[PDB]
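Note that one protein chain of the assembly has been removed; the remaining protein chains are unaltered in position.
Labels A and B are assigned to the chains in the order they are written; within every chain, residues are numbered from 1.
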Amino acid sequence: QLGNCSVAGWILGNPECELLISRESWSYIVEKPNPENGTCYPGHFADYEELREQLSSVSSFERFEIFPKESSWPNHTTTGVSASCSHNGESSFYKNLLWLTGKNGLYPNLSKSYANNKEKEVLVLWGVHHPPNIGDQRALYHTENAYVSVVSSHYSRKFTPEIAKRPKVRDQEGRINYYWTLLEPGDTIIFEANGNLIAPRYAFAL
Amino acid sequence: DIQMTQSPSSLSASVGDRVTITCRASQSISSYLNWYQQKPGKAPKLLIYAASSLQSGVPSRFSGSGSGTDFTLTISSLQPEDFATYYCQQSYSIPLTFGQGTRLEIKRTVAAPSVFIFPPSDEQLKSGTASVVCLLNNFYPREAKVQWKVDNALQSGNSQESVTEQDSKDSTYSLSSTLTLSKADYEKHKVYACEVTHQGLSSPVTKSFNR
Partner (left out) sequence: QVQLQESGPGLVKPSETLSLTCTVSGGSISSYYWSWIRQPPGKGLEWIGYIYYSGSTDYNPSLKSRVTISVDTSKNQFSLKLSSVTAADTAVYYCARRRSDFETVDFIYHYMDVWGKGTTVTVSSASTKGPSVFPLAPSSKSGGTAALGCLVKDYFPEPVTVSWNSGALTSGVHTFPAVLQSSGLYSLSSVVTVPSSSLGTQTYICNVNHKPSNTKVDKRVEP
């Protein structure tokens, strides 16, 4: 049961999506015909339908912190929030993602990796920020030429995020594109970046 | 592309007063306006960024407000140090334009100048030119008349004056009047006088020397 939230909203961590008792059981989810709370920050969720179908029928579920805020990101700023993902008249963000930006005027090249040791496959989501102007790009990630590299044994993307001013949606001209994969046991997923990576915080083992 | 217009061009306010100056953008810029304070001979100093955010190190008596096209810089309690030219600047787009500036002058009580005269020096006279300097020190207001007279004749076209910028502590002015003569013409005469008239002086003050 998702109430006013979509699968996107529930699985990404929309603050207005307070479905947190989770569970391991339904076969079917639930949605409204036109859910109001999904991707609060505008952008494109890659393979949405495919996720909804693969997310139908879960026998065992749990939400765990794949990259914990306090220990995983020492060289970067993790406080990024938006007035588009607002919770109680107060700018917030996705609960299962982290908006990494610069700390002390730098964005150092990062390299993070998670080895699946849960016997079962873990659902990993992330994002890539596409700023509306080069100024925001420079202000946030301290480079003009960013790369985001998500690599596993069944998935391999080499992102080159581009500046584009898009029509204002939810008061924003910038976009965060949403991506996901299923990580099989024994496999290890490696994130590498120098900007624009909305990093995963919580994943899902099903 | 964005032109910036400040108002007023100049203003005089007293110590303790609340002074407000306005900046206007030709087209909207939202909150992308900065305020600067420039004191004479110093570089511009950042006061408020993002239209309303006070820069660290700046007194809290400075406040910025506004959005869109119309902005205001406010000094809650004017202090004599606050004598400066104030500029607005847009940070909205290239080519980063400044306002034309507002000159804030401090209004204070009338203060009569102290008058001094300095005959040319033998060192200078040896080179064959004579500067006679008259000093008016620490006066208010700025308006002052300084008339040279050599041998009881009133001079014209051979004196040039300079004035200091308003003092950061006592809000006073100081002026120099310099009479420039050839060594020849200087020795041809004897009595040199500086007559000063000012609001603070009930009757004009004359300082003189003979040589």
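We take it that contacts are C-beta pairs under 8 Å (C-beta built on N, C-alpha and C of every residue); 3 or more make two chains touch, one makes a residue touch a chain.
Student: Specify the residue from the set A:33, A:89 or A:105 that touches the hidden chain.
Tutor: From the options A:33, A:89 or A:105, the contact with the absent chain belongs to A:105.
Student: Looking beyond the chains shown, say which of B:24, B:39 or B:45 touches the absent one.
Tutor: Spelled out, the listed residue whose C-beta touches the missing chain is B:45.
Student: From the list B:10, B:26 or B:160, which touches the chain that is not on show?
Tutor: With B:10, B:26 or B:160 as choices, the missing chain is touched by B:160.
Student: Take the complete complex as the reference. Which residues in chain B touch the chain that isn't displayed?
Tutor: 31-32, 34, 36, 43-46, 49-50, 55, 85, 87, 89, 91, 94-101, 114, 116, 118-121, 123-124, 127, 131, 133, 135, 137, 160, 162-165, 174-176, 178, 180, 209
Student: Kindly note down the residues of chain A that lie in touch with the hidden chain.
Tutor: Chain A touches the missing chain through residues 80-84, 91, 99, 101-102, 105-106, 135-136, 138-140, 142-144, 171-172.
We adopt the following convention: only the chains that are shown with their structure count from here on.
Student: State, to the nearest whole Å, the distance from the C-alpha centre of chain A to the C-alpha centre of chain B.
Tutor: 59
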